[PDB]
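Form deposited in one PDB entry, single chain, as structure tokens, below.
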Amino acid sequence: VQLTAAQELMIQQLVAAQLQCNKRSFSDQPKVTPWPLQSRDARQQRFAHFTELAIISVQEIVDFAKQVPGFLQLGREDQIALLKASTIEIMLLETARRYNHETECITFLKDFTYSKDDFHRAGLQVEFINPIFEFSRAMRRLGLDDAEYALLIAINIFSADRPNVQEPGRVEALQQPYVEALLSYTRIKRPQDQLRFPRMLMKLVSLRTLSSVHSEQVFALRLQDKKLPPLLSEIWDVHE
């Protein structure tokens, strides 16, 4: 088979919207605390560096889900439920896509790169850091491109089982068109390797575990004097 004129147009839609939202959030060397280069002003700045950058990421994510056909048709409640659970997973998807194997560094922007030790320095736990870098290598092992990532992130946003969804059955209906697009896409990309599509979905399995680990990272974060700025704290902090 082949891509339907519709699907193709949709896949182009997503890849383009993903490009524009990125430009609209990171085309400006962010106004965030600069990475130092020791003391408690870098250990508290480095952490601010990541935290402040993550915020922008949340804004890009929200901005891009608004472009995913079907997303705006749900209710604001469900938009929050969905977005509030996929932010950390979507972030790790992006972190993965932006991973360099030869240098083992994740480069967020141009002249904005970080090593594993940068993450440690930044305040994060080895418990969290290793799993994300391990996930990043697993991701490159699949050799995903821009269409597949866009598609995998869409599929991710529409997870019916996310906590507090009002219209799961509806969220689920919204997902399927994208799964298909990926199924048909992968069939074209490596017809001689049918199990490559399931290896992909499999990454969704790991993004949940990562999401749990990250929560234990939040939990432990708020055991130190490290507090998450308001926006992050909303989506991640446990508060009445």
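By rigid core we mean the largest C-alpha set that fits within 1.5 Å across both forms. Positions refer to the first chain, counted from 1. Compared with the form deposited in another entry:
For the residue set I80, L142, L109, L72, core-aligned C-alpha shifts between these two forms reach 2 angstroms or more at a single site, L109. Relative to the superposed rigid core, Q217 undergoes a CA displacement smaller than 2 Å between these two forms.
Comparing the forms between these two forms on their rigid core, the Cα displacement of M10 stays under 2 Å. Positional change of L232 between these two forms stays under 2 Å at the C-alpha, relative to the superposed core.
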Given for the second form:
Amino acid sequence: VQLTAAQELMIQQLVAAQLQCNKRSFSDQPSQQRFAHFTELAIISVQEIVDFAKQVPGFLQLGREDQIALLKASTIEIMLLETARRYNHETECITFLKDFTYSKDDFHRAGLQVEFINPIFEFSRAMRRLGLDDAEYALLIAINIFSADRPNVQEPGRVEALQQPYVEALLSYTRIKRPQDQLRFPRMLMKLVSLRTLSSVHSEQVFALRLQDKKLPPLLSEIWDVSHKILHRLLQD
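So the form deposited in one PDB entry is up there; where is the form deposited in another entry?
A lone chain is what you will see next.
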């Protein structure tokens, strides 16, 4: 009933890597005005997500066409995990990147649909109730990435094997943090289930804006719209 040096070492690598993310600030930073803002800001985040993904052990070792498959699906779900981490209960303003803060009302002005926005905030509220630290968020992101249930995964068993170390670490970490509360760990996992619904709802939202004359940029269209020239280039570096 205690972590290993290997497990301790991995968690530190993840949070350290995770800390390199969301570094860009609104001061330091250089309908459609609202839209362009989001897409612009997504590209920054996506690019950070790919970089984070190379750092994690056992990811670069996978073949390229499955590295695409895991990233394509999880990238939105990571974003959602990160929006939830910095969700502020008092203001009800989700933070994106270092310091960009947006109320739920701010989103309606971008023309996002109520079927899409409310679940995001319900997700952010629900996760805040769990009370996860940076280590638990970092482990949960990794677990999320190595999802072998994603569409068009060529080597599922290889991916399942990569993920299992992160589950075992998270199980042991939660047991130490709350020995009395045995079901908090399952509660955290049941949240992974909520992420998919939001992932499917997101595919409906993105589509709807294509109708409103709001087409996605080159990088974001590769992974969200129904070749991966940009995506290969980011991975190959």
